[PDB]
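Put together the whole structure using the sequences plus the hints.
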Amino acid sequence: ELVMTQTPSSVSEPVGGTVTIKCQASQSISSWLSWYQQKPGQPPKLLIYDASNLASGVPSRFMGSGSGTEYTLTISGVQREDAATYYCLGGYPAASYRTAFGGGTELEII
Amino acid sequence: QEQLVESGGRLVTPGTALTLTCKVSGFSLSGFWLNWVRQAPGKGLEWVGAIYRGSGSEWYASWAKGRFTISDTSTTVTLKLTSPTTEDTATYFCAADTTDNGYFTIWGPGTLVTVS
Amino acid sequence: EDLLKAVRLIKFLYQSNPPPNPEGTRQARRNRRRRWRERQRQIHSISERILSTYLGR
RNA sequence: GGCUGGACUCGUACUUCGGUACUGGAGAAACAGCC
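Residue numbers (our numbering), protein chains in the order written: chain A, 1 to 110; chain B, 1001 to 1116; chain C, 2001 to 2057.
Hints are not guaranteed to be accurate.
[Unchecked claim] Simulated pairs of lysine to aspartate or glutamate, EDC-like, Cα-Cα distance not exceeding 16 angstroms: (1) C/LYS2005 / B/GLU1058; (2) A/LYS39 / A/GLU108; (3) B/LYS1023 / B/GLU1002; (4) B/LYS1043 / A/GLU106.
The hints are simulated quantities; they were obtained by calculation from the structure and are not laboratory data.
What follows is the structure, encoded as structure tokens:
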């Protein structure tokens, strides 16, 4: 029932530029958004949880902001290893809107 | 500590039931959310379902309900695909939510299943 | 009805946090209840969050 | 991370007025430790 629409599908940036990814939730998920990074050949890994809170073992250049149903992942200084697909996850397994993934984003560094 | 390793990935004809298993090791928690997530090759992440370990409580997406059965064994968690179709051909990861707050902290390396 | 399955999950969360042993020093069990209250506080946050999804606004 | 509880300072109740029991009472979400 929950539908995460991840607006930018592909974003390329020169190093040192700021990338802004936006997810839109089909319903009010409040603090239940979390951002994940995946690179080819390997399982994903946590970036952000409870929508503002940086995960352990992650560089601090990653930001996120809940505003209503519009959630934002903001990377300020980009680097090369930032080339990867990013997803937002939202909801909860036992919520009437079951947990749902966004369409995904591809980040390639020039 | 926390580690998840899944197996069972094969190639099977459609309509051939298939069981994937996640062996879970190094968890100090009674219950936690054990999730099954799916990614078709070249495509994005799709949440299949989840289970709460200690209970009998299983939950699925609208599109997966009834075609997938998550079961819980003392050390094991099984995802059963009862009627696979060629659109069920993908990699399957098991993920873990230790905080019960909904985010997936621990993933397995994944498995690959083909259907033809 | 999956509100029901949710509620059974909740009861299973509250029961995963068993009451402390009643036998012991007065402030030994003060500390026991002290740690029990944190766990019940997380469970209450989570379960109230879940229950809002089926009732809520 | 998981577990443990100790000296005090108080707040109540009932005291043969010295004491006791009490944490849906407080300092204490402190402090000190063990795996």
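- Task: Could you grab the alpha-carbon distance between B/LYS1023 and B/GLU1002 and see if it respects the 16 angstroms cut-off?
- Result: 11 angstroms, holds
Assess, step by step, whether the Cα of A/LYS39 is no farther than 16 angstroms from the Cα of A/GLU108, and give holds or violated. 11 angstroms, holds
Query raised in the report: C/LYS2005 and B/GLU1058: Cα distance at most 16 angstroms?
Result: Holds, because 9 angstroms separates the two Cα atoms, which is no more than 16 angstroms.
Within a Cα-Cα threshold of 16 angstroms, do B/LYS1043 and A/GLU106 meet the stated pairing? 11 angstroms, holds
Comparing the model with each earlier hint shows no violations; every hint is respected.
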